[PDB]
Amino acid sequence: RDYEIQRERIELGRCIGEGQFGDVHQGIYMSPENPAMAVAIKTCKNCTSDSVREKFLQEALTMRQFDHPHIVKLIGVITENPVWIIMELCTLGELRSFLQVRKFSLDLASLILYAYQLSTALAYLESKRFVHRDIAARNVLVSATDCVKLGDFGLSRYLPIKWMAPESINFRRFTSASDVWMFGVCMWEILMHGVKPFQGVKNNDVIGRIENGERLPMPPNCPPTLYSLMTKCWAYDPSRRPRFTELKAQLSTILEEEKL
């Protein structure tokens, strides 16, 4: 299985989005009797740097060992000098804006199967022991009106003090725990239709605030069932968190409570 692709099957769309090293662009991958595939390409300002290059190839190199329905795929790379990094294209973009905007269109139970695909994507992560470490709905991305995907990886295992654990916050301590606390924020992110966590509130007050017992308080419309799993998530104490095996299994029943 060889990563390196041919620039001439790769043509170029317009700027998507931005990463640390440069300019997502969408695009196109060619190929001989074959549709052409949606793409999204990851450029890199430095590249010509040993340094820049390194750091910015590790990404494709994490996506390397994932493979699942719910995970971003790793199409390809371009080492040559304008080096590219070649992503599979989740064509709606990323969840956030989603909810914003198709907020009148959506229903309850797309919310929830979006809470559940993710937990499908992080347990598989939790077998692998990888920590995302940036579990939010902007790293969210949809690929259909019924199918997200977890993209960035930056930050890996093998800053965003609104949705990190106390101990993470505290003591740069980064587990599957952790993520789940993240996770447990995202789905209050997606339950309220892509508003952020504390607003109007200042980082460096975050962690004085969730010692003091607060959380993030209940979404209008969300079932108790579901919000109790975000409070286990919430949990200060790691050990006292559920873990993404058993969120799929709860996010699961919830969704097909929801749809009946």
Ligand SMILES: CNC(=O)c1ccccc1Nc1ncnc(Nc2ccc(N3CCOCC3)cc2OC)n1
Second form
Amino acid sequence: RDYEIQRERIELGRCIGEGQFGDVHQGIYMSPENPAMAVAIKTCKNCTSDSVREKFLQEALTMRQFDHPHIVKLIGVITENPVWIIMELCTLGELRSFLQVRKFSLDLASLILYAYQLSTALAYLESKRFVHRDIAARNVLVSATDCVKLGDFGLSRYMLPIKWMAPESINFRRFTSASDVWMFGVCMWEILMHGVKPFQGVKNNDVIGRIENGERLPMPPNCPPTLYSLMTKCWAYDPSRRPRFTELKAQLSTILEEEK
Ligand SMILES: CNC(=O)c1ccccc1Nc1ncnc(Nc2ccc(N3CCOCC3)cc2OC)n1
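Alternative state: the form deposited with the named molecule bound, after the form deposited without the named molecule:
Now the full complex is given, and it begins with the chain already shown.
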């Protein structure tokens, strides 16, 4: 694989957001005798700035090492100014908006499907000793009505997301697979709530107080008990009492099959 892509193969479409380094666009990758392929394009305004270009392109390098159906893929890079990273596009956009609009048209089976797919991605990351640290519905994208994906790891960063974070992450800056399991538990809660944020109206400071007192997000309406049980397990104060993503995958499979 040569990841460098000729600039003329890319047509820049609309801005669909932004990150630390600049704007994110949707567009198209064109190639001889092929259908145009829809893509996301990260831009770096004032790249080179040589140190800036380095950390920008490191975002591509992070994505490059991963190969999973439920994690967005790197297509390629343009390493001349202005520097761009070319990623797979998920055409239906962000999960939260998707869940809010399609609420009365989504069944419970689909919502569990999304948590299952994601857990397979996270079982994949854990087996590569990779720690995401920003698992949250805000960072999941919708590829098809029956397909969600973790988005770019670079664009996922920043909020300290106190409301999603494991206690040992907040208190002592420890970030492991176990703290990832905490955040996933929150992410499934968001999914079952159809994109409502955790701890609405609660100040960040109040949030750590509440979790130490043993308070947890409530069971969503129409969440099956076994699923909420699995969730609360993700929120064991003791990091080693939480299931691994391997276990989460296995249990969600059977819960999903049950609901179908
Ligand atoms: C973790 N977040 C990211 O990776 C990300 C954040 C903001 C913008 C794009 C991101 N990355 C990304 N990748 C692959 N596909 C997509 N698709 C996508 C995302 C947001 C939108 N929006 C369109 C309307 O405004 C709100 C967001 C549209 C998209 O495809 C049309 N996005």
